[PDB]
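For this view, one protein chain was removed and the others were kept in their places.
By written order: A, B, C, D, E, F, G, H, I, J, K, L, M, N, O, P and Q. Residues from 1 in each chain.
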């Protein structure tokens, strides 16, 4: 049962590149601004 | 049972590129601005 | 039972490119602005 | 039982390109603005 | 039982291109603006 | 039992192109603006 | 039992092109504006 | 038992082109404006 | 038992072209404006 | 000298709705398929 | 010198609705298929 | 000399909705497929 | 000399919604597929 | 001489929504696929 | 001479939303795939 | 001579949201894949 | 002569959000993949 994640980025000029990977995780977040 | 995720990005000039991958995850989020 | 996801993006000039992948996940989100 | 998702984008000038992939997922969202 | 989804986009100048793919998913959403 | 979905878009100048694919999914949505 | 869906769009200048595909899905929606 | 759907659109200048495909689906919608 | 649907549209200048395809579906809709 | 254009569309289930508006414009298009 | 254009469409189930508006415009189109 | 364009769309379930607006513009497009 | 463009879209479930606005612009596009 | 462009989109579940705005611009694009 | 552009998007579940704004710009793009 | 651009996006669950703004710019891009 | 650009994004769960702003710039990009 192979599980994989890939992400290739290649730019001449990159301003603000971002990559995020999540696998088999349990993320909990809350925002209460104000 | 192979499971895969791929994402290739290639730009001459990229301003604000973003990539997000989620696999087998349980994400919970809340927003309460104000 | 192979499961796959792919996304290829290639631009001369990209302003605000975005890619999102979700597989076998349970995402819960709430918005309460105001 | 192969399941696949693909998306290829190629632009000379792209302003605001977006790609979203969902497979075997259970997304729940709510909006309550105001 | 092969199941597939594809989407190819190619523009000289694209302003606001978008692609969305859903397969074997259960999305629930609500809007309550006001 | 092959099931497939395809969508090819090619424009010299595209302003607001959109593509949406749904296969074997159960989407529930509600709108309550006002 | 092959089931397929295709959509090809090609324009010199496209302003507001849209494509939607649904196959083997159960979409439920409600509108209650006002 | 092959089932297929196709739609080809090709315009010099298209303002507001739209394509919708439904196959083997059960769509339920309601409108209650006012 | 082949079942097929096709629609080809080709215009020099198209303002508001639309195509809709339904096959083996059960669509239910209601309008209650006012 | 007020000039106005309006278009209201409201459907319980719409498959392939399209709207196009042109005002004070000079659109030139050509088709040469084949 | 008020000039106006209106179009209201309201259907329980609409498959392929289209609306096009032109005002004070000069559209030129050509078709040469074959 | 007020000039305006409006378009309101409201559907319980919309598959492939599109809106295009052009005002005071000079669009030139060509198609040469084949 | 006020010039305005508006477009409101509100759907319970929208698959492939698109909006395009052009005002005081000169768009030139060409398609040469094949 | 006020010039404005607006676009409001609000969906319970949106798959592939797109918005494009152009004002006082000169976009030139070419497609030469093949 | 006020010139403005706005775009508001609000969805319970959005998969592939995109927004693009251009004002007073001169974008040139070319596609030569193949 | 005020010139402005705005874009507000608010989703319960957004997968692949993108925003691009261009004002008073001269973007040149080329694609030569293959 | 005030010139401004704004972009607000607020999501309960965002996977791959992207924002790009360009003002008074001259971006040149080229893609030559292959």
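Points worth noting:
Going forward, a residue touches a chain if its C-beta (ideal position, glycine included) is under 8 Å from a C-beta of that chain, and two chains touch if they have at least 3 such contacts.
Summarising the interface, subunit Q meets the missing chain with residues 1-34.
Take subunit C: the residues that touch the chain left off the picture are 15-16, 18, 20, 29-30. Although one chain is not displayed, subunit A still touches it through residues 10-13, 15-20, 22, 27-31, 33.
The rule is short, and it goes like this: only the chains that are shown with their structure count from here on.
The pair F-N is the one among C-D, D-E or F-N whose contacts match those of I-J for more than half of the residue pairs.
For the pair subunit I and subunit P, the distance between mean C-alpha positions equals 31 Å.
A straight line joining the Cα centres of subunit G and subunit H is 5 Å long. Multi-chain contact residues, meaning those touching two or more other chains, occur in subunit E at positions 1-34.
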